[PDB]
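Report on one structure; see the data block that follows.
All protein chains but one are shown at their positions in the complex.
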Amino acid sequence: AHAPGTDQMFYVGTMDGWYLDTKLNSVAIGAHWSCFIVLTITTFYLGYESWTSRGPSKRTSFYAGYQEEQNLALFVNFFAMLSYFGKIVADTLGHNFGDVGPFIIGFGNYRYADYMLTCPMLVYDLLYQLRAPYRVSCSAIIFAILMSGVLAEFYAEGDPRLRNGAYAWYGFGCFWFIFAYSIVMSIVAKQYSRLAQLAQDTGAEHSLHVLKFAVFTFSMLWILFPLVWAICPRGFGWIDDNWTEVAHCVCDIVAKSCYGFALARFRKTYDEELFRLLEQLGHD
Amino acid sequence: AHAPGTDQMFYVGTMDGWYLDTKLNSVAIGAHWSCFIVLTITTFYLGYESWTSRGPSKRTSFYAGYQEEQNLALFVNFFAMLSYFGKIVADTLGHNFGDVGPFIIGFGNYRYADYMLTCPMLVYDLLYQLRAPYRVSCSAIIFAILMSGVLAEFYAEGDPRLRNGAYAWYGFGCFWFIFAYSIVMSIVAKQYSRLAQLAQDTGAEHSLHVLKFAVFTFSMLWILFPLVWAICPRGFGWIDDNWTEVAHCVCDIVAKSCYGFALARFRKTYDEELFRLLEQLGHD
Partner (left out) sequence: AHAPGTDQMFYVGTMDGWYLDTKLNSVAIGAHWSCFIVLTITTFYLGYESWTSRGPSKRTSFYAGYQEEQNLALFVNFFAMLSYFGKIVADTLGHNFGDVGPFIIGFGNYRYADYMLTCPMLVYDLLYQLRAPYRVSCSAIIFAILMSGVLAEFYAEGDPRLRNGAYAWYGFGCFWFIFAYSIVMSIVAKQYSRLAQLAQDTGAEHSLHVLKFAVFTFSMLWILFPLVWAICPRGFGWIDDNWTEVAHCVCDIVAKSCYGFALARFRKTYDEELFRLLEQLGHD
């Protein structure tokens, strides 16, 4: 696209940039391949667990089939895998893939477009494991945050005269994210405290460690994406391009693969009375 | 974009128009600022009410947290605020924002793209207050109507040879809107009549006035948007550009801020028996 006052051509958000040669080196391609392989493996494992998923009483034939919330995390991984497959194709075809082409929600040819479909699922699943209140609201807040990030990317990659708008959108996102983060942490802490005071002088003591570790670590590890934005060329620029791709791949692996594996481990050790305690949690 | 048979350049739906200088005067900018401020204030107030929301029995700790339908209206305002924030940034950066750039659902850089995410929420919330039937169906109809409006905008702002298609889409939308409007009015009337015959010789007589006023006024006041389309330059052209922005800001304020404030007022006076009557309404 052309801009007034200059002859420079800007390829962001246009089909012209879709046909440009790729700007990535071998490191980014290797990171994309590794993330795709890991996501495929985790998707297959979660699908296998969902198929052979007896209930907490180990009596229901298809427990995840009738109560599909247990499949929610699986969905994330599956869609995440899709969001990487296209990337892989790009590195095989040698054409540009960064912030060019059509805007499709759930497809990661834009920086935060793929997260806009899976992040609410992640927040809902994390809050649902403790039967916490304010599940859909946090998902809506996260959806708005990712929309703000997408607009920040559009403003950052465009005409220089409209560069400060990127910072403005980033600030908006950060403000609301801080609010949501604090709320989520408080809610999680309260819920876990109640669970700890419900399981006193009672078994299932080992599974509580796994649940606590998973929920707390994978709720606190969401600060990585704003820090990456701060250090990427859109911010300070401490790490150049082709290294923010590796950082995003590592963040996606930690946020999705490890979280799904932790939930799979937790669902393999809990039993009826802990399920009843979890049900009692969401009653007050 | 270029068009056959002419050298004229059309900037609708392109990234070229995203970098163009703004066409708005100070009045439209002031209207955008006022609407953003009002939406921010209402979002904060609704969030505060949702946090300190005891149930109708005034016993539940987090009533809106576990039954999140009460938060629905809040969501609208929040997203509406987002849809204006970007607009604000545009007026600060001095670049064009009308029907240019990427197409993101829920972002108001296109005329009716932002309404496509919040209008079904508004219809569902309005029909849910009376426990009325046909809630999701009306939301789907409204979603289709806003899609028709978006396509009408695309046809209107494009090549002149394809201008009549705008009118065609407008007609489609109007037809279905008339159908939905009649259906909604009938349903609301019937439900309120039943409520009036359920609360006879019973208290809670003051809150019925507030509920009736809110539901009836904010269901009838949806005719304003087709009239604005009729009088805007896309239709007759009685009011020029930079004044349809003020009209849309006023319509958004009335449809969202006042509706949320009215529901907040209603939820502050009703009690257990009116809640039981509302539950009895959705049983037949």
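Just so it is clear, A and B label the chains in written order, and each chain counts residues from 1 on its own.
By definition in this document, contacts are C-beta pairs under 8 Å (C-beta built on N, C-alpha and C of every residue); 3 or more make two chains touch, one makes a residue touch a chain.
**Q** Considering the complete complex, identify which of A:48, A:62 or A:179 is in touch with the unshown chain.
**A** Per the contact definition at the top, the residue touching the missing chain is A:62.
**Q** Hey, which of B:12, B:90 or B:156 is the one touching the hidden chain?
**A** The missing chain is touched by B:12.
**Q** Can you say which of A:95, A:163, A:194 or A:265 touches the chain missing from this structure?
**A** Hidden-chain contact among the options goes to A:95.
**Q** Which residue among B:33, B:45, B:103 or B:128 touches the omitted chain?
**A** B:103
**Q** Out of A:33, A:103 or A:275, point to the residue that touches the absent chain in the complete complex.
**A** A:103
**Q** Of the residues in subunit B, which ones touch the absent chain?
**A** Against the missing chain, subunit B presents residues 1-4, 10, 12-14, 103, 105, 133-137, 140, 144, 147-148, 150-151, 154, 158-159, 161-162, 164-165, 168-169, 172, 282, 284.
**Q** Mind listing the subunit A residues that contact the chain we can't see here?
**A** Residues of subunit A in touch with the missing chain: 14-16, 18-21, 60-62, 65-66, 68, 71, 75, 78-79, 82, 85-86, 89-90, 92-93, 95, 101-107.
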